[PDB]
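The structure is given below, and queries will be raised subsequently.
As you look at this complex, bear in mind that one protein chain is not there, while each of the others sits in place.
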Amino acid sequence: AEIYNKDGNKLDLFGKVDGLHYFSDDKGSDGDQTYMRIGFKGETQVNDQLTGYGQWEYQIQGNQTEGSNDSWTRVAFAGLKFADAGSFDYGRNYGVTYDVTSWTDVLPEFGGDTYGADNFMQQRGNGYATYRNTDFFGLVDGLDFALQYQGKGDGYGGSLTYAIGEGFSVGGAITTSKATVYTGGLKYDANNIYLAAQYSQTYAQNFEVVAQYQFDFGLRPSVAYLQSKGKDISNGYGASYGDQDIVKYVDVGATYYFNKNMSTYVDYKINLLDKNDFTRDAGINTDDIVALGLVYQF
Amino acid sequence: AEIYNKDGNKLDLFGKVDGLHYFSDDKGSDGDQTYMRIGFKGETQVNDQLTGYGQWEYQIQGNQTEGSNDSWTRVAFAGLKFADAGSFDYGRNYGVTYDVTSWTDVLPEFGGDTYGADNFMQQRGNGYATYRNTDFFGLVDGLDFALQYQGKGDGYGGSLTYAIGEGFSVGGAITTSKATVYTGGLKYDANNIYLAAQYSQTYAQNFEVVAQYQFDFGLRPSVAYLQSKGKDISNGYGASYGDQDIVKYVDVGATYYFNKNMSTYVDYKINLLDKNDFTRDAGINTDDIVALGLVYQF
Partner (left out) sequence: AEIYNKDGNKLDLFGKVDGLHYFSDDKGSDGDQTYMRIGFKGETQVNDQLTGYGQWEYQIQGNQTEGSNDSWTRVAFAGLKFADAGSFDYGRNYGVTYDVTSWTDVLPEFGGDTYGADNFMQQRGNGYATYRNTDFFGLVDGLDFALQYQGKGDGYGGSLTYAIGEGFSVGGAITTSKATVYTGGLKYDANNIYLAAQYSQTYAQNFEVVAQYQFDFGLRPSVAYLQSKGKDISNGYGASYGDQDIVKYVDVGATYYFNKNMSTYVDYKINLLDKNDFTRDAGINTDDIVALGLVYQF
């Protein structure tokens, strides 16, 4: 919801109350988790050439009872934007590994999650300097790329998207922090068909694919699969764990789209993982789980 | 302040900074409680028939100091409205007992309080799935009902309102969670003349009644009274306390009304409870306490 436009300065104030109640035999997941979101994108044209933007967004829960306050800044960054030189912006932002990893997180509820926020660059984090450049300096249309730097431990990364034509995105991203990661994804986008898959290796090799159709009265079914395997492991100081599977599941989900402002969705995580000494001490869940929600957004 | 309305999606954002310096002999109350609430109501017409909504207004303190943070989500939900088919909304929402109980929470400062928030659905809560139906299916003018449902522990209730005509309002509900508390009460609202009473017993009984008149220049005086009395009693694990009053007091008060957007108001709790083996440990305030401040809103 754009709340202000005047003399080349525009502020969309966006956000939503998403209602949703997880079902499970798991008890760290059964319950109400209606959270909600606020955040604004800001903008200011300085000269025909640049723009000084700014962008924030925080989450805050609703399931937490009174007195208690489960809050946190999702993204919060300021930058600048020059004519066909692209843009730099430093703040709490997305790791530039997300650029490709993104295409697979699209599920109604249970997406990404083979990478985490503050998980050494693959997702969000703090202190990120970010130069991404769009339509390769105005000479190559449909080719984008970003070269990124991190705040503390110290890190770096790069990403290149490419819309090869049609809707076939192709994408790569490399990153390192002091632990590196590659990142390859290919998305199809066109005629209501969304087919995107992505995988990589780390310092430990994970995959994810997802396929949706967009029904016309407004309903986006989704079959999606993702996994992650590894190598040797270490409980804090010691404990030698062999090579097992981290998180692997098939997923059917459907979102219904009333209009922009209001969606409604059921999603069925069909879990695979087997209950063992791994998935006890680490406390990785093994139960297939299912969630319904009524989101209102603005 | 409805900040945006266009293409049948509105979004009133509302709030207030309400300053009040309590006064007391007690040190738990005596001091600055300058607090504030932001939030928004959001709408979206989907059809001739339905509109989706969503609403969130969470609290913050101006009394806590710098670094330390006292906030919590008062409400957060999203639901649908079908025309004459009532309205569903699940989430951090009000309780069904409150429908009826509310008519008594009209004091300048200290009203209701025979129930806290999260106090088993008599007020706010979490997981509160709800369907309310106004004007009874659009066949009876002014007889409205609710049947609600809670998250966990488990539960349910349901209210029936009726503006008998003129300015009267008879009111009733029951509720239950796994503790079952009922509700009876009346209100009268015609000629700046506000009269209202409510009470029920639980599983153990409490009552509240109030009277107000709205002055033409803008001064709504309120004398009001409420009390609670109890049966068998247990201090966490154990105890034998007998039957005593958990809270009973008479109230003078008078809100002044510059306009809608601004208010001043003096309220004087005239407590009756005597200092005893009850009000020492369980820590019930046994002091009469008097509040002074300025509510600015938008």
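When the chains are written out, they are named A and B in that same order, and each has its own residue count from 1.
Note that a contact is a pair of C-beta atoms (placed from the backbone, for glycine too) under 8 Å apart; a residue touches a chain by one contact, two chains touch by 3 or more.
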{"item": "Candidates A:22, A:56 or A:258 - the one touching the absent chain", "value": "A:56"}
{"item": "Candidates B:3, B:143, B:204 or B:211 - the one touching the absent chain", "value": "B:3"}
{"item": "Residue among B:45, B:61, B:119 or B:133 touching the omitted chain", "value": "B:61"}
{"item": "Candidates A:16, A:92 or A:220 - the one touching the absent chain", "value": "A:92"}
{"item": "Interface with the unshown chain - residue positions in chain A", "value": "3-4, 9, 11, 40, 42, 44, 46, 50, 52-56, 58, 69-73, 76-80, 89-92, 117-118, 124, 126-127, 151-152"}
{"item": "On chain B, residues whose C-beta touches the chain left out of the figure", "value": "1, 3, 15-19, 21, 30-32, 34-36, 60-69, 71, 258-259, 261-262, 264, 293-298"}
